[PDB]
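Each chain is listed here by its residues.
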Amino acid sequence: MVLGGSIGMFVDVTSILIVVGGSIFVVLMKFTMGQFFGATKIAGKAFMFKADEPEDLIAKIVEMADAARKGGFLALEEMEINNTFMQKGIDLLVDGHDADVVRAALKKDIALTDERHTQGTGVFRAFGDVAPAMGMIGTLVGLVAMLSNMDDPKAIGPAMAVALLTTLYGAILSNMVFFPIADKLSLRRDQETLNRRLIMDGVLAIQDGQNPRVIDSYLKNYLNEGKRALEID
Amino acid sequence: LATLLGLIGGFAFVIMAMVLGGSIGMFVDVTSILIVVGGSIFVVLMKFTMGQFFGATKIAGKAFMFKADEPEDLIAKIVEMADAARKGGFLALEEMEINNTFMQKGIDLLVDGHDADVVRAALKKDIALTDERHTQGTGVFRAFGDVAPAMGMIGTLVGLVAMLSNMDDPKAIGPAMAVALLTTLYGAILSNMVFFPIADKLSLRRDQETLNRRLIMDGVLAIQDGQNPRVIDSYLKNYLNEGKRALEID
Amino acid sequence: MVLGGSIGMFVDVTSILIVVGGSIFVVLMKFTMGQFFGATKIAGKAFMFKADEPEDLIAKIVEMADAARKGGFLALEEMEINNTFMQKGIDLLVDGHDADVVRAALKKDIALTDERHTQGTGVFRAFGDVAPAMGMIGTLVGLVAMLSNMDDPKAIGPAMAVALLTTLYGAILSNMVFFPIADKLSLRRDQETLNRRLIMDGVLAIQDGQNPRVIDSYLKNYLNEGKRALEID
Amino acid sequence: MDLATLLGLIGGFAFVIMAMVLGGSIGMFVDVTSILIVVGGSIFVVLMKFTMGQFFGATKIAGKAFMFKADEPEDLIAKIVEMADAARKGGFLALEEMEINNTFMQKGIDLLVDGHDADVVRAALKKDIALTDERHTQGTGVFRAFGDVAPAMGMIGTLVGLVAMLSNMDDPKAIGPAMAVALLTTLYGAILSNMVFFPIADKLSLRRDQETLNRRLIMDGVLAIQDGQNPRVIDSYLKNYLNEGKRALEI
Amino acid sequence: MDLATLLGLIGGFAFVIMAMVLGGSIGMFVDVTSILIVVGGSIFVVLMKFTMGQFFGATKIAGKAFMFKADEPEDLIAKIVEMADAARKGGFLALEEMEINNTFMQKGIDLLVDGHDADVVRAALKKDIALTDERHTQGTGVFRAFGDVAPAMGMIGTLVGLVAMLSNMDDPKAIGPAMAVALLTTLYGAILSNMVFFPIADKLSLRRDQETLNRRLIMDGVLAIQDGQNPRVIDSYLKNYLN
Amino acid sequence: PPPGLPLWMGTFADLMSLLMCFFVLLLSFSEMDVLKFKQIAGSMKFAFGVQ
Amino acid sequence: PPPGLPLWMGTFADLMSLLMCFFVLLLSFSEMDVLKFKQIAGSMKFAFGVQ
Ligand code: NA
Ligand code: NA
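Top line first, the protein sequences correspond to chains E, A, B, C, D, F and G.
For the first sequence, the positions run 20 to 252 when the entry's author numbering is used.
For the second sequence, the positions run 3 to 252 when the entry's author numbering is used.
For the third sequence, the positions run 20 to 252 when the entry's author numbering is used.
For the fourth sequence, the positions run 1 to 251 when the entry's author numbering is used.
For the fifth sequence, the positions run 1 to 243 when the entry's author numbering is used.
For the sixth sequence, the positions run 11 to 61 when the entry's author numbering is used.
For the seventh sequence, the positions run 11 to 61 when the entry's author numbering is used.
By construction, these hints were calculated from the structure, which means they are not laboratory data.
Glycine is no exception: its CB is placed at the ideal position from the N, C-alpha and C atoms.
Possibly wrong hints are sitting among the right ones.
Incomplete in silico selection of chain F near chain A, CB under 8 Å [what the hints assert, rightly or not]:
| hint | residue |
| --- | --- |
| 1 | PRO11 |
| 2 | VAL44 |
| 3 | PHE56 |
| 4 | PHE58 |
Just chain E, same shape as in the assembly:
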């Protein structure tokens, strides 16, 4: 690109129109514009905000359990909360709700967040699926335009530019933008699932009045498995 020549040599209104507009049309035929904006919103929060470390969550849950055991079920409202899910857990525990209702609410939030991440992954994987099809369509369009105008170089140039740059844009958007965003959304979904499971188990242990010594051992049972197994011997 910059070493090959410049970024300026990959700019074309026709190629952008074909690839991006056709992809947007195809995707909007199966997704809502507001819903697509919501998927963009969740992708941006996944890219601009790192997921909380599971170890840090475990440690702070243990600290919260210590505070609860020392000062009853209302001792967690005077010091800062990291995430919104844990904040909701705290403000449901402060209401003296039973274990079943808070568990159901947390399991509803977990399912909702999992669904949102899965649907954002689906939106961006639809984009990545349609971009190379639009690139091939652009290759066909450019080939037709070249073969129709082999006597006119002024038409040969733009036609081949469209044919090449539609494929280049489709490939770049598919393999370096859309599929990577879907993969990052899947990773962020897995991190969300782990964090939500940890937080729900911590709230469950706090409600039961369990001493934090057992709580930390129980919470450690999640981090030693899963997608991270390639790091664990």
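Assemble chains A, B, C, D, F and G with the ligands onto chain E, guided by the hints.
Chains A, B, C, D, F and G with the ligands in isolation, oriented as in the chain E frame:
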């Protein structure tokens, strides 16, 4: 639909952007589009009858021209006849104003007098009927999309052998090849931007109709049970956080 | 192959041999001769004939239902049944056997018909898979021949003709004959399985002893499952 | 040598003659570099997934499948019922006085006459059947892998040939033969995949089915002889088992 | 791996290299920028689905599948009935005197001899089996992802090189070599996809199946050992489970 | 569902269409010999049933 | 099951090969014109934003 106005705008913009290099006549041919569509119709008709293809087309028409009722107006209406039943029994349901065929059928079966099991079975049968109908329409348009590029390439091959049988001027071979390839271009365009998108909007409308019909069935079952609108509000709004609208809430 | 102007352009013995004989060889390596001939017979039967309409099947079933209700298991002998499976069912009913054994036999026959249609579909899908591969082999052979003898015009023509017609024949056979035949075989499989399940339910309901009108309703329930549900408005 | 193999050999011969007639000669469909790329890369990839012993075993089983025709089940059933009569009117010791053309049947007969009980005889015969089935499955896997890799290797070799042709491209009006040589690698991959390796794997699957059926019939007959059942009863049992095992398309 | 298999691998590789050599200069097919494009792009795309720890774990598990062969099932049954006989003629402490053949088997017999219940040992061995199976699946996923992205990055590099060549032609006799260099990226992507990454993914899947079979056999054997069953019964059951 | 076609076939079609584009380009700044284009045109006519 | 490419993709690679080799045939008897090459090169740097 807003996505449909965007559809029209995108169609216009992409055609105008595509045809700037030469004339619109290079990318426009009735013979090529006729070849692709006719071959696709013939192949699909060996696996769908005339009535089942016309059914898929008419359900596609309903899914495009019309718009599914929103699942919030449904909650509002359902709690309205719930209040009506709580105040004056099922005898107040018939005088209500209903613009939904499925809800109208449900309440018209309810007034007659039937227990939970039979009305639930009838509503589930209707839901399964509409679900299968939309699924088979999606299958029809998936078949069209699967076969359109193949038919376009068959048309291109026939055009190429017609060109290699008629070769005089070295300068006409290029336009002849472009016209032959136009069939492949049309097959790709019809596959990716017409038939597969129609199948996807049919599946989307299937999901929307299934959600609306489950909403209506639960509302009618609650009304028959005589439950108050309070718990009905929660047990009906909880269905609004699934699917893709779940991805829409912030 | 008519849009070229006539048929005499789209005919080569060489291309036909490369595509058809290669496909036949590959399919005969995949399938036995008996399997291939049975697939041909079942495809011919699916195309030249029509499965019995379910409406007439339910009408006939309620006819023998009322007949058995007026005369128990002895009246069924004296009316004509044009369907082999229904005749077999009523014979296994009137020969004094219990519901379990006749149901098992009818299930075995249904599974046999289903597997026969599935294997015929597999044979024609193998044909439709190999035909484009043979077209590509013919294209490669013809293109090597054409590019090698560029200085020999009289060798360029036939080589490119073989290359092009092999691909045209492979595409036409795959997408307009073999895959359509396989799809029609699948359609006939679904029709035959539905009809035979209808007949089995009618036979079991006559065996039990059931009201003709509830039998009719239960059978009408089967008329809204699949592509007839698509057709029904 | 079934008709499918015979049809394939005549088809390949006519294909070679056809290629030679179209191209004038045959020496232009032969390129040492293209053969080397396809064969060596395919062997490399397949040996990344199978051992040399597995490759040799697959080759041997393919050769045995294409050279020795499987015994017909009806002939085997006739042989078992004849042996049933012989053992009924001559005892177990009578089984060593007639020739048996089937090695699995001979092994079962030796295990039967050597005084082994039914349990060990059945276990050993089942082990032999499982070993034969595993050998056929392994051969099918090796040739399936060859069929999977040959066209990928052919496209790699065609890329190599295209790079070679383009590097030596001045005034492209002589790139014809070089492009043909580049295409030869994909031609080799296509022919080897669709017409050789996949057909061998499919014939090995069919031969697995035939050998499983034959060996199971032989095991049933041998076990029936072990218990000394009546020859008519075991004939009926074997005929029924053969008929119910027939594929639906053949019925 | 076996010496014969290794010699076959080297022979195939040498046949490919000699074919490339016989088709002209070998510096025509060598470009540092192209291999950097393919490898760096593949790494960039794959690191957005797998962390560096996961990539290195997959690399290690694929490497130890090329230098270690899965233990043969028959050897496993023979050995498990061997320590079965040892336990029958001796005790559970007799298992300690038996030297190391498989780490999974070794840790299983250690957890059996240190005084644990049958069910807890079964649960631990099941957890280990699942961990190894998922590790092999993750390694297969890493290498499948590499094989999926390598052709994509190769085509991206080819398209970029060709766009750069068309941006300033200035010479017609230089058109061909420029496209050859641009196609080198596609060549490298195809070679890495079909000769390195996809074969390693398939090999890891095959070893996943073999390891699951071997570890299930070992688990059943040690469970029977804690049961104290007749070693002949154990052998018959395991041989039946083979088929 | 059918397994589909392998990824190398997609690579092969992308390479083929790319080379098509570039050979159309090469033929754009070229002058076909009209004399040598009618021998090939006659041969294609002969081999396609017209002649 | 992991998906793949449509079944017509092989026919597409076929067609692309056929058209590509037809263009190679046309380029076999076509002499280069340098003036057209200069025009096409200028059009290429104009359509690629290289001016
Ligand atoms: Na393009
Ligand atoms: Na083809």
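Hints that the structure is at odds with (numbers, increasing): Violated hints (numbers, rising): 1 and 3; every other hint is consistent with the structure.
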